[PDB]
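Working from the sequences, and respecting the hints, build out all of it.
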Amino acid sequence: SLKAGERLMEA
Amino acid sequence: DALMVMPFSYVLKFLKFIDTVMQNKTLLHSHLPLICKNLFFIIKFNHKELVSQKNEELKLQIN
Amino acid sequence: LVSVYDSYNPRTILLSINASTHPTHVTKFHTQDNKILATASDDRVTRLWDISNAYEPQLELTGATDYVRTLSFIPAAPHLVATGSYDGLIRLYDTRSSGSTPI
Amino acid sequence: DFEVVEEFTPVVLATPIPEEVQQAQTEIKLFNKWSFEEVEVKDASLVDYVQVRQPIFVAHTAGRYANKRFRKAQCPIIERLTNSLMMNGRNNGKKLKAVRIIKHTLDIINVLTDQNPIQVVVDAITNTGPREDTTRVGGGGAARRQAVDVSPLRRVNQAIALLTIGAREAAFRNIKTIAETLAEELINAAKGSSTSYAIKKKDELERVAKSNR
Amino acid sequence: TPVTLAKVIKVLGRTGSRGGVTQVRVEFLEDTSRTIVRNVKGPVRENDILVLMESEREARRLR
Amino acid sequence: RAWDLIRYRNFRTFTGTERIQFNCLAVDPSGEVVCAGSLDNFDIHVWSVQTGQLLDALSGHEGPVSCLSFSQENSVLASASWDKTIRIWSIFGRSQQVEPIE
Amino acid sequence: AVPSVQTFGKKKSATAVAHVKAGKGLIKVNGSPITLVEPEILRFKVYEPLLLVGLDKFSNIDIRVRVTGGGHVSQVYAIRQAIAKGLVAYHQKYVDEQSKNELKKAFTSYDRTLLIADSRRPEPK
Amino acid sequence: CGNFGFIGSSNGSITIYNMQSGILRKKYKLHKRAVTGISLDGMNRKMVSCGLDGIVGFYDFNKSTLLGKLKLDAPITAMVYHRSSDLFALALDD
Amino acid sequence: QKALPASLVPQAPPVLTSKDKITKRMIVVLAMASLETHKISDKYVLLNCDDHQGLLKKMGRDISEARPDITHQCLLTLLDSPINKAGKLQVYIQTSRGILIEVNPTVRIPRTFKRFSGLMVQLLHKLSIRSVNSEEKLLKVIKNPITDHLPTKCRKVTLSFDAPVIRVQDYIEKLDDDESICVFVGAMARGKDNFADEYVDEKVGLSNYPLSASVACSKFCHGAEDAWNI
RNA sequence: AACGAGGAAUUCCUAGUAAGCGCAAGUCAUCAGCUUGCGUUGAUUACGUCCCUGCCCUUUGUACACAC
Numbered sequence: 745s746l747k748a749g750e751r752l753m754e755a
Numbered sequence: 819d820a821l822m823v824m825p826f827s828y829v830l831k832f833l834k835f836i837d838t839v840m841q842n843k844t845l846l847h848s849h850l851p852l853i854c855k856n857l858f859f860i861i862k863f864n865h866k867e868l869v870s871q872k873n874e875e876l877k878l879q880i881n
Numbered sequence: 104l105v106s107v108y109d110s111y112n113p114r115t116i117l118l119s120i121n122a123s124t125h126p127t128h129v130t131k132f133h134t135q136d137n138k139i140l141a142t143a144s145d146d147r148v149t150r151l152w153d154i155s156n157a158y159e160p161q162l163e164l165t166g167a168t169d170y171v172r173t174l175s176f177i178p179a180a181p182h183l184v185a186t187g188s189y190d191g192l193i194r195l196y197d198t199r200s201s202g203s204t205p206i
Numbered sequence: 013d014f015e016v017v018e019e020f021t022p023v024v025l026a027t028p029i030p031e032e033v034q035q036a037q038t039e040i041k042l043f044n045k046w047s048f049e050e051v052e053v054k055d056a057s058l059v060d061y062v063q064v065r066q067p068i069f070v071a072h073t074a075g076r077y078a079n080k081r082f083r084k085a086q087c088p089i090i091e092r093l094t095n096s097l098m099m100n101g102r103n104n105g106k107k108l109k110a111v112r113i114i115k116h117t118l119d120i121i122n123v124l125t126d127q128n129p130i131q132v133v134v135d136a137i138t139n140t141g142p143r144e145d146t147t148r149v150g151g152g153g154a155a156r157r158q159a160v161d162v163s164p165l166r167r168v169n170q171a172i173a174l175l176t177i178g179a180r181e182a183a184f185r186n187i188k189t190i191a192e193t194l195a196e197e198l199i200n201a202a203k204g205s206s207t208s209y210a211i212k213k214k215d216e217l218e219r220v221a222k223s224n225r
Numbered sequence: 005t006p007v008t009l010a011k012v013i014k015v016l017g018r019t020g021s022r023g024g025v026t027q028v029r030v031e032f033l034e035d036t037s038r039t040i041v042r043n044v045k046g047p048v049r050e051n052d053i054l055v056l057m058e059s060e061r062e063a064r065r066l067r
Numbered sequence: 412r413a414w415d416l417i418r419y420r421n422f423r424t425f426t427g428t429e430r431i432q433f434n435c436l437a438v439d440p441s442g443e444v445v446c447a448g449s450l451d452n453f454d455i456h457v458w459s460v461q462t463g464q465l466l467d468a469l470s471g472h473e474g475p476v477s478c479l480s481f482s483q484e485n486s487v488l489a490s491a492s493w494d495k496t497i498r499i500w501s502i503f504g505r506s507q508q509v510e511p512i513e
Numbered sequence: 003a004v005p006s007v008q009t010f011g012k013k014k015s016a017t018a019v020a021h022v023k024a025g026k027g028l029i030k031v032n033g034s035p036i037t038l039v040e041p042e043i044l045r046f047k048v049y050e051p052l053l054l055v056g057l058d059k060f061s062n063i064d065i066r067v068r069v070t071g072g073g074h075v076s077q078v079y080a081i082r083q084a085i086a087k088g089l090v091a092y093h094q095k096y097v098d099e100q101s102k103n104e105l106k107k108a109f110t111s112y113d114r115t116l117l118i119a120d121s122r123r124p125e126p127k
Numbered sequence: 471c472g473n474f475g476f477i478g479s480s481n482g483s484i485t486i487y488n489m490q491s492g493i494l495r496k497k498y499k500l501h502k503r504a505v506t507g508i509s510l511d512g513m514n515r516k517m518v519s520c521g522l523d524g525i526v527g528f529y530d531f532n533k534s535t536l537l538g539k540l541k542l543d544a545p546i547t548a549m550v551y552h553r554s555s556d557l558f559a560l561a562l563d564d
Numbered sequence: 016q017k018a019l020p021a022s023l024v025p026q027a028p029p030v031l032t033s034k035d036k037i038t039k040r041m042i043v044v045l046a047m048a049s050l051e052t053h054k055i056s063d064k065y066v067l068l069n070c071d072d073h074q075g076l077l078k079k080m081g082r083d084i085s086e087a088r089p090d091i092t093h094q095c096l097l098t099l100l101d102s103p104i105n106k107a108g109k110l111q112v113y114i115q116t117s118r119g120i121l122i123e124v125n126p127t128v129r130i131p132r133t134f135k136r137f138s139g140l141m142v143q144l145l146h147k148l149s150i151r152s153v154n155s156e157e158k159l160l161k162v163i164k165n166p167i168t169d170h171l172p173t174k175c176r177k178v179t180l181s182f183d184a185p186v187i188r189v190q191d192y193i194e195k196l197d198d199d200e201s202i203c204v205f206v207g208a209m210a211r212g213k214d215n216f217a218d219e220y221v222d223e224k225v226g227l228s229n230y231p232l233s234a235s236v237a238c239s240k241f242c243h244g245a246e247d248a249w250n251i
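Chain order of the listed sequences is A, B, C, D, E, F, G, H and I.
Numbering-wise, PDB author numbering comes out as the position in the first sequence, counting from 1, plus 744.
Numbering-wise, PDB author numbering comes out as the position in the second sequence, counting from 1, plus 818.
Numbering-wise, PDB author numbering comes out as the position in the third sequence, counting from 1, plus 103.
Numbering-wise, PDB author numbering comes out as the position in the fourth sequence, counting from 1, plus 12.
Numbering-wise, PDB author numbering comes out as the position in the fifth sequence, counting from 1, plus 4.
Numbering-wise, PDB author numbering comes out as the position in the sixth sequence, counting from 1, plus 411.
Numbering-wise, PDB author numbering comes out as the position in the seventh sequence, counting from 1, plus 2.
Numbering-wise, PDB author numbering comes out as the position in the eighth sequence, counting from 1, plus 470.
Those letters in the ninth sequence? Residues 16 to 56, 63 to 251, by PDB author numbering.
One should not assume that every hint holds.
[As the list claims (entries may be wrong)] Per label pair, the in silico range of CB-to-CB distance:
no., chain 1, residue 1, chain 2, residue 2, range
1, B, 849, I, 168, 49 to 57 Å
2, F, 473, G, 10, 19 to 27 Å
3, B, 849, A, 751, 17 to 25 Å
4, G, 107, D, 35, 23 to 31 Å
5, F, 466, H, 471, 18 to 26 Å
6, C, 137, I, 194, 36 to 44 Å
7, F, 466, D, 35, 58 to 66 Å
8, I, 210, D, 101, 41 to 49 Å
9, H, 537, D, 39, 19 to 27 Å
10, F, 423, B, 847, 33 to 41 Å
11, C, 109, D, 35, 20 to 28 Å
12, D, 35, H, 471, 33 to 41 Å
[Stated by the list, open to error] The list that follows gives simulated cross-link-like pairs (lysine-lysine, DSSO-like), each with its CA atoms no further than 30 Å apart:
no., chain 1, residue 1, chain 2, residue 2
13, I, 161, I, 213
14, G, 59, H, 533
15, I, 39, D, 188
16, D, 41, G, 30
17, D, 41, H, 496
18, G, 26, D, 41
19, D, 213, I, 224
20, D, 109, I, 34
21, D, 188, I, 158
22, F, 495, G, 106
No lab work stands behind these hints: they were computed from the structure.
Using N, Cα and C, we set each Cβ at its ideal position, and we do this for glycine too.
And the structure:
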């Protein structure tokens with residue numbers, strides 16, 4: 745599970 | 819705290835993202851404070867670089 | 104082995120330069136520059152040691168035919184070194200040159 | 013052109029203060045020999061962490077440096093080098109033995125390389141502190157070395173650690189004591205001759221960090 | 005092998021990083037425009053200068 | 412007591428545990444924390460602005476706290492005793508560390 | 003009478019009772035000159051209140067210092083404390099005030115431990 | 471501040487006596503003719519002096535360095551400083 | 016035009032240990048060796070695949086792993102090679118249980134297997150084997166990790182069958198004049214080439230054929246001696 | 001003969017702290033194969049972060065503004 749904010753960036 | 823985490827290279831992509839969501843106004847007014855509260859925490863925090871890089875598309879993006 | 108250390112203190116061998124395996128006769132310091140040492144040997148090579156680096160000779164000064172047992176420096180030139188063999192034939196070197204041949 | 017007369021009588025005392033001490037009231041000198049002026053940290057990013065601005069007489073400021081996070085930086089590094097000399101159970105809590113070594117060590121660096129001892133010690137710490145250090149990753153049970161950068165406080169802390177350990181280990185079974193081999197370290201670490209302990213061991217830490225990044 | 009120094013702007017909080025390693029937006033010293041999100045190892049604060057052996061990589065999370 | 416200037420009213424009236432006098436006061440610039448000091452107790456009480464509970468009783472002074480004030484930069488606060496010692500506090504975020512200056 | 007000023011100096015468990023009176027310029031420690039302090043490396047740790055401000059200001063005064071307690075080092079931090087306090091409390095009494103604030107700003111920028119006792123009282127975490 | 475007392479001799483010397491004890495602290499030597507006016511600024515930082523040789527010397531007083539030195543034409547009889555604005559006026563012989 | 020050395024009497028080259036860290040040398044490390052101790056009751066024995074298959078079924082560790090014979094096969098290969106005569110290698114043993122064994126180059130390991138079984142069970146308890154000449158300790162168990170006791174300016178490689186094949190003499194000749202090669206050798210009869218991925222900086226290959234652990238030592242050693250002119 | 005600073009594992013540890021050093025007393029339990037005091041000399045490395053291993057809390061905002 746990715747930490748939030750990182751998963752913004754690759755999305 | 820998770821919006822300052824990204825590099826500036828994604829901010830230049832992030833302004834092109836909101837450059838596209840201005841075109842679809844149904845996405846805009848249905849999410850109008852959240853688009854507003856994210857540009858104005860980024861462009862505050864990433865001000866010195868966005869003001870110092872020169873690109874005539876970025877003027878055409880921000881207009 | 105030339106074993107350079109401070110005077111008035113016989114208990115601290117400050118710097119033990121393992122020079123040639125042949126017995127070194129003459130070890131002098133340079134008159135002009137106070138940190139360059141020059142030793143000679145029975146190995147017929149004179150070695151200018153920089154005592155920042157006691158593990159490598161700064162220059163191998165050579166060409167001697169037989170038993171260098173004196174060398175001496177000259178006051179006007181810090182580069183120039185008078186080196187006397189035992190065969191005769193006082194060699195004069197320029198240490199800023201290649202040095203392996205005399206001048 | 014212009015003169016300031018501040019001293020009016022020849023200052024002589026009933027208690028005789030010696031000729032080398034009355035001369036020492038112009039500039040403050042380390043061990044009454046070594047000037048802190050004309051001592052420049054020749055590497056930027058290491059100023060504000062190597063502290064040689066405030067001069068000192070002996071390397072024994074007993075002030076508190078452990079309390080804040082970065083209070084450890086303003087220790088004048090000559091003392092910060094003596095503090096890392098008493099690291100062994102045979103040596104803990106003996107500072108006057110360590111200060112007597114450094115005052116004997118700083119003499120040696122002069123006699124060999126005339127420049128300054130204290131310019132060499134500053135130039136030693138600038139060279140040996142690594143620039144990229146590698147860390148262990150989790151990676152789900154299979155650990156690979158992941159290379160990152162290093163904070164300039166850690167660059168000083170590990171630099172001072174490698175010099176004194178490098179001196180303490182090289183003088184383990186030799187006639188050369190701690191005092192001379194440390195001067196063999198700092199002179200070689202100033203040139204970065206790859207014949208010292210710390211310049212070697214940095215050159216793995218910057219080698220390994222290049223291999224996987 | 006030229007080395008480019010960098011000054012620290014802002015340590016990053018709440019990012020999920022492996023312990024011991026902290027994450028920092030640096031600023032290039034020789035040109036005050038750019039930024040690169042690199043990781044440190046030791047203890048770091050703002051307004052201190054950091055040493056980069058390579059400029060163009062931009063460090064991501066270390067899990 | 413807190414007050415509003417848009418509406419002219421108390422938000423909450425912060426009180427201590429054992430009903431102490433309060434001389435002086437210090438407010439977090441980011442208005443989360445209100446600290447106050449006494450003559451009776453010499454313990455720096457700390458209230459949150461939202462919850463009217465006292466978060467913590469910062470203590471360590473001999474003699475009363477004269478004044479209290481916050482940095483506007485990094486929000487460390489510094490007390491001012493009558494045991495001749497400034498004691499600077501750092502109260503935010505997992506640190507809880509103290510430095511006295513005599 | 004005789005103008006004197008008495009100041010104290012304190013490290014770990016060592017006191018330092020420095021009487022300072024107007025005189026000729028002798029500086030004694032335990033009935034012995036200050037050039038004969040024991041640890042011999044830390045002798046410049048007590049020349050700090052002599053050499054920081056300048057050795058001229060000791061030309062008219064006497065510094066009688068007697069110390070008990072402590073060890074070898076923690077007495078040297080007491081005689082450097084009571085000479086600094088004994089000098090800077092004679093200029094506010096019997097010499098000029100502007101001398102004192104020149105001294106108190108001189109010892110401060112060098113090392114504040116000369117003046118006020120750095121008391122390392124414990125802390126519980 | 472009322473701690474220093476300036477004295478301008480008629481041989482250039484500007485002795486600065488302290489005002490508690492009357493003790494001597496500093497002696498400035500720039501002029502060679504008679505000094506005819508001294509002042510210290512409001513901040514106790516900079517100090518001026520004016521001589522009959524025409525030199526208007528500008529001193530630092532925290533440090534003892536000479537900041538600069540100005541020369542006018544005529545000899546200078548008197549000086550009135552104004553400490554609120556750091557302007558001072560001279561009276562010349564022309 | 017060049018004079019001789021003074022005394023030309025040949026002498027023994029200085030025997031390396033972990034304590035010397037400046038001298039250039041080879042290091043051949045046998046990783047993941049099967050050297051385990053088991054008690055019978063009336064004595065203690067080394068574990069063997071061949072001598073007792075049925076003991077390992079109760080312990081749960083399979084028969085096919087526990088082979089100490091390949092180690093003694095390699096220890097005769099390394100020690101009798103001329104680079105162990107000329108003083109230019111030492112050999113470390115990394116046991117599969119985590120034990121790190123330092124081997125002095127001066128020892129002569131008994132060439133029969135059964136004496137070697139009694140040699141190891143003396144080692145794994147008393148932690149240090151001393152010679153009958155008794156001048157020094159010979160096989161000492163040292164504190165992990167191996168990256169402490171290797172020389173400082175080191176080069177660390179792994180023999181891998183999946184690695185690109187290189188030539189031994191070309192690889193050593195591009196080392197610097199003070200850098201010391203260290204060869205982590207997989208002594209496991211079957212297993213993955215990942216026993217030292219956190220240690221080394223590359224993997225090197227020796228042949229297109231699958232090799233023994235014994236030959237991959239001597240394939241490296243007899244290339245090393247030609248690369249160092251022995 | 002055991003023995004050249006002690007293997008795998010394992011536990012404690014953040015400043016007058018770790019550690020080194022000696023002096024003292026023997027206080028109704030406890031200790032003399034030692035215990036507790038007292039003083040001297042006295043550092044390195046963190047002082048961050050929840051990524052892992054654990055533990056814990058919350059998942060009505062209720063308290064009263066404004067803000068979210």
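Violating hint indices (sorted, rising): 5
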